[PDB]
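2 protein chains.
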Amino acid sequence: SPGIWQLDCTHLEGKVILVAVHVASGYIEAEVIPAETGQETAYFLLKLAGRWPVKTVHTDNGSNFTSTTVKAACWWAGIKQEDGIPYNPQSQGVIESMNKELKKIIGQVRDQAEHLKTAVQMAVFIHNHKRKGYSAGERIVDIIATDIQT
Amino acid sequence: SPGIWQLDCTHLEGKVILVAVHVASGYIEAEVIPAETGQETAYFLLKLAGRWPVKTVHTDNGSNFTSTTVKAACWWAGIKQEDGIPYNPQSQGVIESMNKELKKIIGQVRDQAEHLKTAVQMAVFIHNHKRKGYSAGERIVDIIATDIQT
Ligand SMILES: C=CC[N@H+](Cc1ccccc1C(=O)N[C@H](C)CC)Cc1ccc2c(c1C(=O)O)OC[C@H](CCC(=O)O)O2
Ligand SMILES: C=CC[N@H+](Cc1ccccc1C(=O)N[C@H](C)CC)Cc1ccc2c(c1C(=O)O)OC[C@H](CCC(=O)O)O2
Ligand SMILES: [Cl-]
Ligand SMILES: [Cl-]
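If you're matching them up, the sequences are chains B and A in order.
Residues 57 to 188, 193 to 210 (PDB author numbering) make up the first sequence, in order.
Residues 57 to 188, 193 to 210 (PDB author numbering) make up the second sequence, in order.
These are calculated hints, taken from the structure and not from any lab test.
For each residue, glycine too, the CB sits at the ideal point set by N, CA and C.
Honestly, I wouldn't trust all of these hints.
To be verified - Pulled a few chain B residues facing chain A out of the computed Cβ check, cut under 10 angstroms:
#1 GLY82
#2 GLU85
#3 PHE121
#4 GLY134
Stated by the list, open to error - Here are a few chain A residues that sit away from chain B, every Cβ distance over 12 angstroms (derived from the structure):
#5 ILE60
#6 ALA91
#7 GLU92
#8 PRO109
#9 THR112
#10 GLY140
#11 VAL165
All chains should be built: construct the whole structure from the sequences, respecting the hints.
Shown next, in the form of structure tokens:
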């Protein structure tokens, strides 16, 4: 559980926002990319795994699951690449609501930056710091610290 | 000191590697940029502060300290922007040693990627995961979790 992440790809302004969600905490990292490719996804996961102890990634679609570029990055970073089939039907709902929230926040900050990438990073910040009480940033650190003491 | 970070700029292959070091743990995040500008630095700090609870940044030089772009990002993200004067002379030595280590790791992986940015992310991964025994990635989580319980 401490090491499980889910990939999520959403669209805004003709661009693609790639999101990784730490499933247990709801903490996120995100980036804006021109299009989802294997190379973009592979690079994103490499960054993520250097920053948090990523054990398992539930990939966002079959193309990223298949991609030998993505598989090579997961091999390098010691990540178990898994499908993202929503065996628990609540998964679809949670991701959809997260995408909606993120787009809402992006609109609220959209005027405080020229470029979408900036607005997306502002949205990451607001999402991770929002107390709902603890924040997602607090939950992820608490979860992993609890794990390290095991 | 759970919230204290230090900026560090180093050069390789005609490009600039911007590094943020979590002082208490030695955990790092890094990116390759064409040149250090206020905009590049501001965006880097915005990303960092959305991902970790960044209270204070010791800036790497007077230009970034002065930059109104950098000050605006620090204001946005709730970061106290401070100078990076090495009042403790050991800090110069520590940063220089980190730069040398990072460049060594980049050399060791340089063949496993076409692009320097990839190699730098691999270096971040190796640095953060290396047990010295705990890793820097373990130390930062433990430090912050301890703080949250305060
Ligand atoms: C066709 C894939 C390209 N590479 C193949 C490669 C080339 C040479 C040696 C090893 C490997 C190799 O498979 N390496 C190991 C096993 C896995 C990391 C790896 C790679 C992936 C994503 C990137 C990269 C790079 C790069 O080669 O540096 O460069 C930046 C780019 C930025 C995002 C974007 O622009 O899409 O993301
Ligand atoms: C001259 C600065 C430009 N901006 C001024 C600005 C313009 C319009 C509205 C508000 C603000 C403003 O001051 N905003 C708040 C108060 C602080 C975020 C902010 C900004 C900084 C770094 C970036 C940006 C952007 C951007 O405008 O989106 O875009 C991506 C770029 C990528 C790194 C690179 O390419 O150097 O880093
Ligand atoms: Cl946070
Ligand atoms: Cl780690």
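Query - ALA91 (chain A) remote from chain B - nearest C-beta pair above 12 angstroms - result: About 18 angstroms separates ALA91 (chain A) from the closest Cβ of chain B, which puts it past 12 angstroms; holds.
**Report entry** Evaluation of the interface hint that places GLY134 (chain B) against chain A, nearest CB under 10 angstroms
**Finding:** 9 angstroms, holds
Requested in this report: Hey, is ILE60 (chain A) genuinely clear of chain B, shortest beta carbon separation above 12 angstroms?
Outcome: Given a closest Cβ separation of 16 angstroms, the condition holds.
**Report entry** Status of the stated non-contact between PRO109 (chain A) and chain B (beta carbon gap over 12 angstroms)
**Finding:** 6 angstroms, violated
Query - Claimed clearance of chain B by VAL165 (chain A), with the beta carbon kept past 12 angstroms - result: 9 angstroms, violated
Query raised in the report: In terms of Cβ atoms, is chain B entirely out of 12 angstroms range of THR112 (chain A)?
Result: Fine: 17 angstroms to the nearest Cβ keeps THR112 (chain A) off the interface.
Query raised in the report: Taking C-beta pairs only, is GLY140 (chain A) more than 12 angstroms away from all of chain B?
Result: 23 angstroms, holds
Query raised in the report: Per the stated criterion, does the least C-beta distance between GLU92 (chain A) and chain B lie above 12 angstroms, as a non-interface residue requires?
Result: 18 angstroms, holds
Query raised in the report: Taking the closest Cβ pair, is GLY82 (chain B) under 10 angstroms from chain A?
Result: 14 angstroms, violated
Query - Proposed interface contact between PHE121 (chain B) and chain A, which counts if any beta carbon pair is under 10 angstroms - result: 21 angstroms, violated
Report task. Tell me if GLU85 (chain B) is really an interface residue toward chain A, meaning its C-beta lies closer than 10 angstroms to one of theirs. Result -> 6 angstroms, holds
Hint violations for this structure: numbers 1, 3, 8, 11, all remaining hints satisfied.
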